[PDB]
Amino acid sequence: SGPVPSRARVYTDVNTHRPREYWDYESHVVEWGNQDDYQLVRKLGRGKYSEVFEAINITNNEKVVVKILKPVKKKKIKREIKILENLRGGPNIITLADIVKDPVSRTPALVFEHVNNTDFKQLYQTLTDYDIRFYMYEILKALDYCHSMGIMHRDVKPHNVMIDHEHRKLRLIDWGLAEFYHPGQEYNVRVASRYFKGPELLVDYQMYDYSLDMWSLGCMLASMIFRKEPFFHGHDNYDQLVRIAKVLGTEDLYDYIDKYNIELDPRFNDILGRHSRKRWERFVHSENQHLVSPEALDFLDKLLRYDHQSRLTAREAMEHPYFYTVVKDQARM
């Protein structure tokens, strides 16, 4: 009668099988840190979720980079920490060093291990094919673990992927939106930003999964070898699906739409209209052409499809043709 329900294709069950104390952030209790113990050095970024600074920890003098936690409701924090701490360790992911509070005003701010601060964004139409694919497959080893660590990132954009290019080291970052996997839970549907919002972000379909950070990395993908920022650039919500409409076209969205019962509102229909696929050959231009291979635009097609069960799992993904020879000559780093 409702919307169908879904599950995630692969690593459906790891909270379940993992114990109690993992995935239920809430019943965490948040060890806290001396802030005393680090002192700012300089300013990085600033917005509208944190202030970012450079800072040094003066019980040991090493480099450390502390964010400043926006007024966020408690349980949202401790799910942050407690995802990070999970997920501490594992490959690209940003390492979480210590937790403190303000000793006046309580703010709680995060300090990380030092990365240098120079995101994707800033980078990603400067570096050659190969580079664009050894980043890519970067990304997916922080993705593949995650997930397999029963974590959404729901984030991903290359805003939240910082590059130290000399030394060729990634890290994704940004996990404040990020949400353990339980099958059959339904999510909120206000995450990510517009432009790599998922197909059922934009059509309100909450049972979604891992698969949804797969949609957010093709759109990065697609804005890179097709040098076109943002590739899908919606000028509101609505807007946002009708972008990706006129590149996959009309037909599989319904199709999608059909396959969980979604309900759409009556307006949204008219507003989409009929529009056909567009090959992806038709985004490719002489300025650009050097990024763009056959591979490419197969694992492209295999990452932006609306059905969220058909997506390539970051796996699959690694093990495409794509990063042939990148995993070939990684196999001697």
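Each form is matched to the other, and the largest set of C-alpha atoms that superpose within 1.5 Å is called the rigid core. Positions refer to the first chain, counted from 1. What changes on going to the form deposited in another entry:
Of the residues checked (281, 301, 26, 265), the rigid-core alignment between these two forms shows a Cα shift of at least 2 Å for 265 alone. Fitting the two forms on the rigid core leaves the C-alpha of residue 121 displaced by at least 2 angstroms between these two forms.
Once the rigid core is used as the reference frame, the Cα position of residue 91 differs between these two forms by less than 2 Å.
In a rigid-core overlay of the protein, residue 46 has its C-alpha displaced by at least 2 Å between these two forms.
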Second form
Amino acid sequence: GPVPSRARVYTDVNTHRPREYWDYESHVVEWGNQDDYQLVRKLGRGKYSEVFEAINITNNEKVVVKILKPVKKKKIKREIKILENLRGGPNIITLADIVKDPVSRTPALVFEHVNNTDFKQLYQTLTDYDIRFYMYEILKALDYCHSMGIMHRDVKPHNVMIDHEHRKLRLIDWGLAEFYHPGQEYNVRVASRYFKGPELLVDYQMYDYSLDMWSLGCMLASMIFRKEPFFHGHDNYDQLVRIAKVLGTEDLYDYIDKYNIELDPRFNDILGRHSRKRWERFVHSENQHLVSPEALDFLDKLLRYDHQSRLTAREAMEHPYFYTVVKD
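Could you switch over to the form deposited in another entry, since the one displayed so far is the form deposited in one PDB entry?
Since only the chain itself is given, any partners or molecules it might have are not part of what comes next.
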């Protein structure tokens, strides 16, 4: 069978936390007053919720209301419990309230409002300094949730809110987040295609926080190289091929061999043989201002097939890539 894997950090966080911390199914939602919030405008719709700008009329503060679509009590309470567990952590979106929506017959999560800069505008305008700064801010959030026994499992630009005016960043949409329990097999149908780690694409279920670092590397690659998304697979199979055309097939085989994973035989006539490439080949005159030796080495250390070999969030924050970023 497949060789087991454990996280190299924060392995036992949920073991030594009380059961109530990770046993989200037993969590008792403390409900607020649904009439406290008047919806102002629909901000977006996902697979699992609709998101509204709202005013909390009790404090006259803008908030954001995420009305969940119907899905099972555990997945709702999973997100709720995780948000409550992480509340107050660096750059974690703050769950302010939970109300019962009377129309959807579902929970509505109330969050702090982040005046988020247009995502298109941000990718087009972020400087080298800004990318490092915000990467560091994301790493704070990721190290925090990882240190709290939680993997986000959906790290992607759309889940990173940035109020660029205040240089404020929030990691949002914890609806896919899970508690990391050593030895637990997880759903590999997480993350958006372009940010799925190799572990997901080869159906290796015993993954951990390091999944988020792959996704984070995909974001970093897309930013410094100005290629959105960086690994642009047409489906989950082509996604792995796109990755193998950069990281090479020999290390992909090393990876699946280490974990006694077998590729889907459908890869046999689409995968091919690929050398590992040097990151410099993605540098060109339109992205070179965003590229440095530090950027490439940092990216190189995030985008490993082997989830056990990627930088942890904490190690990532040690990287010389961030030496230039002003520390508060």
